[PDB]
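Now for chain A:
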Amino acid sequence: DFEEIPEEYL
Partner candidate 1 sequence: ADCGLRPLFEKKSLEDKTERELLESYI
Partner candidate 2 sequence: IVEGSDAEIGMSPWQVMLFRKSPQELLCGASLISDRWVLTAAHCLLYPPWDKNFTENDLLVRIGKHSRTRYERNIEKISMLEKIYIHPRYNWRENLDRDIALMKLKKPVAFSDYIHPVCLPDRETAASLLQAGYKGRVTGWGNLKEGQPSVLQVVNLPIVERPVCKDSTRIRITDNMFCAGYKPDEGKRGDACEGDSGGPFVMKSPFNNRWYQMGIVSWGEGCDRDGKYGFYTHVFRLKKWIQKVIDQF
(Lines give C-alpha, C1' and ligand atoms only; values in the text may rest on other atoms or scores of the structure.)
Protein backbone atom coordinates (compact mmCIF):
# COMPACT_ATOMS: atom_id res chain seq x y z
CA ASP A 1 0.00 0.00 0.00
CA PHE A 2 2.96 2.37 0.33
CA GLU A 3 4.49 4.01 -2.70
CA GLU A 4 8.06 2.73 -2.92
CA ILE A 5 10.91 5.00 -1.99
CA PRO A 6 14.17 5.67 -3.84
CA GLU A 7 16.16 2.44 -3.75
CA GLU A 8 19.01 4.59 -2.43
CA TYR A 9 17.14 4.81 0.93
CA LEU A 10 16.30 1.10 0.63
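Inclusion criterion for the candidates: all candidates are chains of the complex that A comes from, given by their letters.
By definition in this document, a residue touches a chain if its C-beta (ideal position, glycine included) is under 8 Å from a C-beta of that chain, and two chains touch if they have at least 3 such contacts; residues count from 1.
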(request) In this complex, work out which of 1 or 2 touches chain A. (result) 2
(request) In the complex, go through chain A and note every residue touching candidate 2. (result) 1-6, 9-10
